[PDB]
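Encoded as structure tokens, the following chain is the form deposited without the ligand, with no partner shown.
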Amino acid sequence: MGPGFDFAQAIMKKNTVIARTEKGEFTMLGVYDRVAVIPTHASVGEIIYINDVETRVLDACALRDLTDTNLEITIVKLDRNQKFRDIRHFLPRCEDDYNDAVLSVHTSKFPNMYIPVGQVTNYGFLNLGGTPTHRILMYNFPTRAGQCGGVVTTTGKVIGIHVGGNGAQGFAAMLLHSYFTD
């Protein structure tokens, strides 16, 4: 509808796939080459389904900060025959707050879904499903089951992936440039 959804749509149309684990279907953001991200609660194994294709997982790494606290980001490397558009230049370098954000989801159940979630706060610490978690972004939208892995964007930046909510608020794990240095 506007420049926010334009940027969001540009990421979704080239840099997402539908990831299916034993824990269900997830929006999965492809970052560069064969490297993608997914919430750690997806419990990625040796085999994953990517747009319903059986795919070997060449590596999977659940990120923690240096305090050894959960970040809820799993970085996956896929035995796929195609590379993602390199979008690492859209990733913030530092933790920050953001004014106008869109949350974008693409699953079987929720195709082509875009949510104007508004202002994004650098929340920091969250007890997420009982797990102490760092580097959390908070927006005031009643987000629901099926939205985890959802990509949080502002015009010009990919700032996080949706990892949970409490019925009033949604929460995203920050994406930072330094996660995807090669």
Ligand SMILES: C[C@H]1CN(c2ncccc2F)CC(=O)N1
The other form holds:
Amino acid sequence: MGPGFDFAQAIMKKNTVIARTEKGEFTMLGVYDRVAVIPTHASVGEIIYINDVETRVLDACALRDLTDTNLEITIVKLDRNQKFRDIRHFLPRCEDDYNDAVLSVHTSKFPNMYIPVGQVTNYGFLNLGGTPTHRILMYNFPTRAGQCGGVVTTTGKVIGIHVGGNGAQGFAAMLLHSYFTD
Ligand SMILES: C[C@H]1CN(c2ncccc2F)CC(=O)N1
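Please could you give me the other form, the form solved in complex with the ligand, since above is the form deposited without the ligand?
The complete assembly is shown below, putting the previous chain first.
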């Protein structure tokens, strides 16, 4: 509809795949080369399905901050024959608040879904399904099951991935430039 959805659409069309684990189907953001992110609660194993193709997992790392607290981001390297467009320059360097964000989802259940979630607060600490979690973004939209891995964008920035909600609000794990330095 507007320049927010334009940027979101550009990311979804080139930098997402449909990831299936034993814990379900997730929106999965490809960041560069064969490196993608997914909520840690997807429980990535040795094998993952990527757009319904059996794919070896070459590496997977559940991120924690230096207080040894969950970040709910799993960085995955895929045995895929094709690289992602490099979008690391759209990642923020710092923890921040944002205006006018879009949450974008693409699964078998929710294809081509874009939600204007509005203002995004640096919420910080969240007890997420009973796990102390840091660097959480919050938006006042009543998000539902099927949206985990959803990409949260502003114009010009990919800021996080959807990891949960409480019926009234949704929560995203921050993405930071420092997570994907090579
Ligand atoms: C497909 C399903 C999802 N849905 C949602 N309702 C409320 C919050 C978040 C939602 F995704 C709208 C709808 O028509 N049904």
